[PDB]
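J.: Each chain, written out:
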Amino acid sequence: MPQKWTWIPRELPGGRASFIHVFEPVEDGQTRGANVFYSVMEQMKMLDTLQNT
Amino acid sequence: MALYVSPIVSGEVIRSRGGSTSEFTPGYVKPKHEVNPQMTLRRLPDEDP
Amino acid sequence: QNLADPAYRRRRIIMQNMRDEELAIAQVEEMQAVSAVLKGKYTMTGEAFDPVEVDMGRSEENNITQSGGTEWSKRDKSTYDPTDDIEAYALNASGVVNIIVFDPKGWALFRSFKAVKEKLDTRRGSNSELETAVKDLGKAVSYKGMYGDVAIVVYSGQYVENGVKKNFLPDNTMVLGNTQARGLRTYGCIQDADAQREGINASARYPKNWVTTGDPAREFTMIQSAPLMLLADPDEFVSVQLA
Amino acid sequence: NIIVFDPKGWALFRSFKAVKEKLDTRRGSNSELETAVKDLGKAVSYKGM
Amino acid sequence: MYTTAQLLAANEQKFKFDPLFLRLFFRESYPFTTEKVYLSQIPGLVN
Amino acid sequence: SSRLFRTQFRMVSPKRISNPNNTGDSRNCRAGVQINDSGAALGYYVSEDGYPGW
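Residue numbers (PDB author numbering), protein chains in the order written: chain A, 215 to 267; chain B, 50 to 98; chain C, 99 to 341; chain D, 196 to 244; chain E, 3 to 49; chain F, 161 to 214.
Note that these hints are calculated values from the structure, not bench results. By construction, the Cβ of each residue, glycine as well, lies at the ideal position given by its N, Cα and C atoms. A few of these clues could be false.
To list a few chain C residues with every Cβ distance to chain A over 12 Å, as calculated [to be verified]:
#, residue
1, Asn100
2, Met116
3, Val150
4, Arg173
5, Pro180
6, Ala188
7, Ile197
8, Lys215
9, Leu218
10, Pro305
Partial chain E-side listing against chain C, Cβ under 8 Å, derived [stated by the list, open to error]:
#, residue
11, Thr5
12, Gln8
13, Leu10
14, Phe17
15, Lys18
16, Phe28
Computed list of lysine-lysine pairs in DSS-like fashion (alpha-carbon distance at most 30 Å, straight line) [as the list claims (entries may be wrong)]:
#, chain 1, residue 1, chain 2, residue 2
17, E, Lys38, C, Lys203
18, C, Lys175, D, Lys217
19, D, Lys242, C, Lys212
20, C, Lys263, C, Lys306
21, C, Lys203, C, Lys172
22, C, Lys203, E, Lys18
23, D, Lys233, C, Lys203
Using the sequences provided together with the hints, build the complete structure.
T.: Spelled out as structure tokens, the structure:
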């Protein structure tokens with residue numbers, strides 16, 4: 215089915231918090247956080263492939 | 050009706066439907082009438098003498 | 099006075115397109131079913147498609163053609179009774195029958211036999227309640243009441259051809275059948291690369307929507323299926339074409 | 196009190212006008228029959244009283 | 003240009019279609035994994 | 161009404177719950193679970209015992 219987006223303010227203009235974004239920014243300007251797996255993904259994928267083989 | 054095309058080759062794209070409009074705009078009527086108080090001297094069928 | 103975004107216009111266009119796709123798919127299966135329990139023999143063929151045949155195993159006596167000496171019309175509408183012939187056609191079915199599904203043209207002739215019209219009012223001899231003076235007009239299938247053990251229903255279903263619509267059932271036919279009669283709506287495995295990648299071949303319907311590459315990119319909307327509706331026992335039903 | 200018939204033996208008996216007129220007295224018979232068979236397509240069936 | 007057209011409601015022209023078979027005789031549906039099917043009818047006529 | 165309480169319970173395996181007539185899943189109908197617009201479940205299509213399979 216066709217996919218539709220929608221814009222949502224982070225908070226209400228009256229001060230109410232409409233939306234909540236929670237993450238740990240490693241460096242300034244990091245709009246999106248990165249999962250901790252990023253540093254070990256390949257070294258665990260190859261491990262499980264080795265186990266299967 | 051959908052066709053029985055074999056699951057190998059292709060399918061002709063059916064036209065997307067739609068489109069028809071019309072206009073019946075103006076309309077009008079005007080039954081003009083007046084009183085002409087000249088004939089008021091003569092008695093009506095009503096209003097007994 | 100109140101326009102809309104062309105994006106929303108495309109959205110509703112695609113919605114309508116999917117709707118008509120679903121209708122086109124559904125009418126194919128309905129045609130399958132009417133052919134199947136109308137004659138048993140059922141073949142599918144078309145341009146760019148090899149013909150395929152399907153024999154349910156229906157016997158000759160389950161596809162009785164009335165043509166003969168006194169088929170249905172030359173019988174006097176006044177004194178004759180069709181119930182005897184109904185029993186005769188019912189016995190050679192090997193199974194309980196409780197529907198006499200009917201055409202919208204042959205039911206008038208069936209009612210024309212005043213034997214049943216008088217059988218309606220007995221006060222002690224018939225519980226078969228029929229509904230003449232049709233209770234549903236300008237619509238889909240309509241029930242007509244009860245005929246004792248069997249229910250009377252009249253079908254007005256139409257399927258559209260390339261450019262023209264026409265009735266599913268022929269001009270004057272009828273079919274005795276059972277509610278408990280088992281029928282399968284089998285759907286074959288989808289022979290598509292994406293479907294086999296997803297492991298979703300065993301599906302009734304396969305909707306799809308993509309966009310081609312290249313600068314003049316265009317989207318394509320799809321629905322596909324492998325419908326093979328069948329029934330375990332063709333001989334349960336009896337098809338009679340009236341005359 | 197048991198007058199069970201054959202599947203076609205009962206047909207000729209039902210076909211008579213006498214049974215139909217006996218079914219219509221409104222004061223002379225309480226017999227309850229059923230033409231336009233209320234149990235077909237299977238084995239033995241009670242036809243009423 | 004300067005016509006000032008106002009639109010009224012639009013008739014749909016719905017097309018009638020009711021299965022009456024898939025929900026009357028074909029109430030059961032089966033998927034496939036194989037390429038064909040087998041149908042077995044067991045004739046029981048004991049003497 | 162023989163018992164003071166008239167409430168009983170049946171635990172149902174998910175194998176007994178599925179799409180009615182094996183129809184395709186929709187936005188609001190999913191694996192026999194009819195949900196609302198917001199996603200909250202509304203109805204369930206429970207299948208009867210399939211033993212024997214005939």
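J.: Give a verdict on every hint.
T.: A quick look at each hint next to the structure:
In this structure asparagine 100/C is separated from chain A by more than 12 Å, as the shortest Cβ-Cβ distance comes to about 20 Å. Against the 12 Å criterion, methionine 116/C falls within the reach of chain A, whose nearest CB is about 8 Å from its own CB. Chain A leaves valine 150/C outside its interface by the beta-carbon criterion, the shortest separation being 32 Å against a cut-off of 12 Å. Chain A leaves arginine 173/C outside its interface by the beta-carbon criterion, the shortest separation being 57 Å against a cut-off of 12 Å.
Residue-level check passed: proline 180/C sits 52 Å from the nearest beta carbon of chain A, beyond 12 Å. The Cβ of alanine 188/C sits about 48 Å from the closest Cβ of chain A, beyond the 12 Å cut-off, so the non-interface label holds. For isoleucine 197/C, the non-interface assignment is confirmed: its Cβ lies about 38 Å from the closest Cβ of chain A, beyond the 12 Å cut-off. At roughly 54 Å from the closest C-beta of chain A, the C-beta of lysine 215/C stays outside 12 Å, upholding its exclusion from the interface.
Listed as a non-interface residue, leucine 218/C keeps its Cβ farther than 12 Å from every Cβ of chain A; the least gap is roughly 52 Å. Residue-level check failed: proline 305/C sits 8 Å from the nearest beta carbon of chain A, not beyond 12 Å. Violation of the interface hint for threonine 5/E is found here, the shortest Cβ-Cβ separation to chain C being roughly 13 Å, above the 8 Å cut-off. Among the interface hints, the one on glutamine 8/E holds; its C-beta lies about 6 Å from the nearest C-beta in chain C, closer than the 8 Å criterion.
The restraint placing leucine 10/E at the interface with chain C is violated, with a minimum CB-CB distance near 12 Å, outside the 8 Å limit. Interface hint at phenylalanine 17/E: satisfied, since its Cβ lies 7 Å from the closest Cβ of chain C, which is below the 8 Å cut-off. Taking 8 Å as the C-beta cut-off, the interface hint given for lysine 18/E holds, the closest approach to chain C being about 6 Å. About 4 Å separates the beta-carbon of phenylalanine 28/E from the nearest beta-carbon of chain C, less than 8 Å, and the hint is met.
Pair hint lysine 38/E plus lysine 203/C does not hold up; C-alpha atoms about 39 Å apart against a cutoff of 30 Å. A threshold of 30 Å between alpha carbons decides the hint, and for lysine 175/C with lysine 217/D the separation of about 23 Å falls inside it, so the pair holds. Proximity of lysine 242/D to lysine 212/C is assessed by CA-CA distance (about 23 Å); at most 30 Å being required, the pair is judged to hold. Between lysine 263/C and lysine 306/C, the direct Cα distance comes to roughly 28 Å. Compliance with the 30 Å bound is thereby established for this hinted pair.
Pair hint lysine 203/C plus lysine 172/C holds up; C-alpha atoms about 17 Å apart against a cutoff of 30 Å. The straight-line distance between the Cα atoms of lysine 203/C and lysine 18/E is roughly 18 Å, inside the 30 Å bound, and the hint therefore holds. Note on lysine 233/D and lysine 203/C: the hinted pairing holds, with a Cα-Cα distance of about 25 Å set against a maximum of 30 Å.
Hint compliance for this structure: hints 2, 10, 11, 13 and 17 are not met, and every other hint is.
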